[PDB]
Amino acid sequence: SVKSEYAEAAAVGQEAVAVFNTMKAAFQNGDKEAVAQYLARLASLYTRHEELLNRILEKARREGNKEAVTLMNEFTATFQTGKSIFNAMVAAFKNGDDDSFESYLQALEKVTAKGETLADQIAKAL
């Protein structure tokens, strides 16, 4: 069902949270080789999460589930904010700009924390 597809998407999201926190520790410790690999892993995870979310939204639309569509439109918009910040973070790492990397990292954490009540609402709406 769409509900079980959202639970699968939620687990991919939690995987990115786990890898992100490990990446943050590596960055603080100066282990740039690890950071580079975690950033590659996160990019793939975010790509997979984004695709699952789009399929879920499209399915809610085909089902006529107006409330779930509203919430998923809001959630996918927030996802793109987080994705844009992530990409800026990757660029900061490439450029060796640790000040910008720190900035974007904290921003991504706050964008992600804010979006959590909506994430839970979607599970209940589908």
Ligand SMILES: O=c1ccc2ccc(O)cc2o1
The other form holds:
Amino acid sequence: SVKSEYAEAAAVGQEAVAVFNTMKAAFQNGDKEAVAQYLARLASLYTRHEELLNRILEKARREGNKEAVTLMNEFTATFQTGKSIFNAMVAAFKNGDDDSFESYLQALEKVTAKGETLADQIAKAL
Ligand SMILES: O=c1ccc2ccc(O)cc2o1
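Could you please show the structure of the form solved in complex with 7-hydroxy-2H-chromen-2-one (07L), as a counterpart to the form deposited without 7-hydroxy-2H-chromen-2-one (07L) just displayed?
Following is the full complex, with the preceding chain placed first.
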């Protein structure tokens, strides 16, 4: 159902959380090779997480679940902000700008957190 599809999206979000936390540690340690690999893995997880969210949103629209659609519209707007900042962080790493990278790392943590109270609401709505 849409709810098992939501359990998969939740699991991918958690896989990104885990990889992001190992990537931040590697950045702090100066292990640039490792960071470059984690960033590739995160970019993929964004691609897969987005695909699941798109499929959840479309099923809610077709099902007429107005409250789920509202909440999913809001969350995917937050998620998109995350994507834009993630691209900025990748571009900072490419450029060798650790100052900007550190900042973007902090910003992305706030986007994830600011969307969590919505993520919990959607499930109760689906
Ligand atoms: O799919 C995601 C969700 C959150 C997230 C947060 C940080 C990141 O680097 C990648 C991420 O991918």
